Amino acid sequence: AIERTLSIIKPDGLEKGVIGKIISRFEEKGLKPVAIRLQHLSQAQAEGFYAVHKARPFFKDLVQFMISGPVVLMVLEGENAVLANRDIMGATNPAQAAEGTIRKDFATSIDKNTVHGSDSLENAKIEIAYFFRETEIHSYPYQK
């Protein structure tokens, strides 16, 4: 089933100048970027986005890092995109991340782990609707 999932290139990814390399990782794996927008999140936006985790000890630090610089918001489309996205990102902890994943190659630490990806189809629908209107998502054919 063709699904859509949210991907966010965190502040450290832009600072390292690897936006293109990250997008290429998805493209080469068949995850088609159908929505992309560079944006600098406000505290209200980050908090609203991570609301279900407001009780976790990491919450506050997470929010501050996510608003410390601009991020690149994206919607990836493909067969089993939600899971495929998580595979390509790799384990949350870079030291524990598999070979060839984004976090293994680009992440700094568990706290500065370069990318975000929806954890489930259920959440993907919410995360996407949070950052994009349906009119901002555009599929296109892959050819040549």
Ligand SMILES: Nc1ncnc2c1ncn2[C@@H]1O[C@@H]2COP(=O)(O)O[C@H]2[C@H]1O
Contents of the next structure:
4 protein chains.
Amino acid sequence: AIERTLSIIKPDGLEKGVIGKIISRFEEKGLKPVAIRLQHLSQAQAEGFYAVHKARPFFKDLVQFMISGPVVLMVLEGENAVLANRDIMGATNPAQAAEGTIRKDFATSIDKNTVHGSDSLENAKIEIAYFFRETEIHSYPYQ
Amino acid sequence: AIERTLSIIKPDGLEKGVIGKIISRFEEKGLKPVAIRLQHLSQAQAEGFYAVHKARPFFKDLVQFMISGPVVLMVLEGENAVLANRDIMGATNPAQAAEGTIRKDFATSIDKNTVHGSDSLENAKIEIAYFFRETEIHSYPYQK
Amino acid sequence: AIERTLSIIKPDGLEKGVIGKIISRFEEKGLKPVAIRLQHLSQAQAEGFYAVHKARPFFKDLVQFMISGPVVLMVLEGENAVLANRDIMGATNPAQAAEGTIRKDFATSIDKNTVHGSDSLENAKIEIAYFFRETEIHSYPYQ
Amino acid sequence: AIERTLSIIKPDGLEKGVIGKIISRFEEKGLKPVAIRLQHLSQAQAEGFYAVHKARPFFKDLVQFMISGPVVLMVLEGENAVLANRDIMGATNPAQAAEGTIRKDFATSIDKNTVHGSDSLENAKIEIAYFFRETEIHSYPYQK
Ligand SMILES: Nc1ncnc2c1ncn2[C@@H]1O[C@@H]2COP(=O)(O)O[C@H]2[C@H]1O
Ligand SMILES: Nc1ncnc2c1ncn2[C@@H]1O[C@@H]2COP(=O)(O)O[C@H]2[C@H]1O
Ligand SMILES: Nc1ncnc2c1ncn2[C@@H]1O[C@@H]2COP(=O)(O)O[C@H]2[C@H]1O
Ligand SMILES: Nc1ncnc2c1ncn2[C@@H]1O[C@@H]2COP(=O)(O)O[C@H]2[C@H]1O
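Right, and the form solved in complex with adenosine-3',5'-cyclic-monophosphate of this protein, after the form deposited without adenosine-3',5'-cyclic-monophosphate?
Full complex below, order starting with the chain above.
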């Protein structure tokens, strides 16, 4: 089914100058960007967004990196988007990422892994509403 | 010096699924996207943005096309960005556009010419302020 | 229970210069404004927001009035907010509105009735997400 | 002539539950709110907004207070709005504030002085552009 999922190009992705290349990976696989906004997250925004990891030992580092510079927030729409997105991104740890994935091609380490994608449809709903009004999301037909 | 200019990927750009290709054209040339927002313009927003051409015969059609679908608004930053942006975009009329430019590679007609870029530094300041708060624009370093 | 509901000060409310008076009505009754944004709705936004009335005969007029000028969008937080808000607003038709209500005091007619409030908690969730990101809503304590 | 100026209702204003009272002070004086947005400022936003006072000894405390809770950002429009706004707000130090002004009626101390208003027209232009796109500002007529 057609689903909507959240994608975030992390600070390292912008610094590497590959925003366009990452978006093209999605577009060519049928994941249509229907919302996009470059933003610099505050500490409160990063902490609230990653609440599910608050008990994890990497939480503090994740938050500091996520606010180290601006990120590109996006909503991708497409067939089985939640899973398709994660496949395209590749393993969380670049070392284990498959060839041709965003993380294998551009990520430096597990901490600076270039992208985030919602892990489930339930989480996607929450993550999207966290950063986008419904009025900021616009589908359009492909020609 | 380092300047900022406005770039808009028109509805036809999104419909052809080439948002990434266009952004890459800028990144590879050293024009850094420091603000990006996909938005669906209202008639009032388009008319206000293109007010200078209100006395033009194509104005009405321009507005209808500009509100026919969503667009991607962007602020590009770099050395002589206003001019560099115009070089990368190519001639307003795709037919007259040079090889390798965005309009020559992606545009279909003068009306559906894929992108808009501020024509001068004075206009850039106005176009940027029209669509972005200064707090929505963020520079960052380029590093691998 | 503490709930969040959507409130909209319609074009006529701004034209009458009573934005502050309306907000004070809420504040003094314990309905805390936790999100506020002045905005000029486009036709598509008004139509999508009032989708539930698309089959009604007043739909077209409602949409035209709602885009006639800017409005103030707000999220109110408080005890039994959905119902409390509607009580404070008063009857949809100013003619039947109770004394002391926003509509009795400021509304001109059923068409230009100054305010909108979500009619239910289910609708509140939808209306709020339509106009606000979760990151645009901020609770604060009263002192 | 008709000007636009920035007004910020500081954290203490929201905590006392007087957002409406303050906005009414402006409306009753003919200062029309043409842009309004409740927002929680980040440290970077506050520091950037108050950069001129970075060499001041109270700067650090100013920033902490300005990010301690959400604020209401507004653009006011009217004849000689910049000056009219300053009259309504009253002296920066509530103690020195005249009767009937916002600071005399609501402020607690110089640090917790309830509102900020642009001090000049030049600054207003900068402060407004910092927090609002031109497309987020909308004038309307006053009529019953
Ligand atoms: N060992 C770890 N397991 C999972 N994620 C980790 C770990 N260490 C760091 N992280 C990071 O924490 C992030 C949380 O979600 P992301 O999808 O953004 O990607 C994750 C990784 O970048
Ligand atoms: N005769 C024309 N000359 C210039 N602009 C035109 C003409 N016909 C249509 N247009 C469009 O009007 C637009 C005005 O600004 P753009 O930079 O968006 O690009 C222009 C063209 O796409
Ligand atoms: N007879 C009607 N019944 C209900 N709402 C009406 C009617 N005619 C016009 N309306 C308007 O339609 C609006 C829809 O929801 P509101 O709460 O915004 O308030 C309603 C009234 O302003
Ligand atoms: N000694 C001081 N002189 C001026 N501003 C001060 C002083 N101490 C604290 N401040 C605060 O610093 C703020 C700077 O701009 P505001 O208009 O927000 O109002 C000012 C006061 O609230």
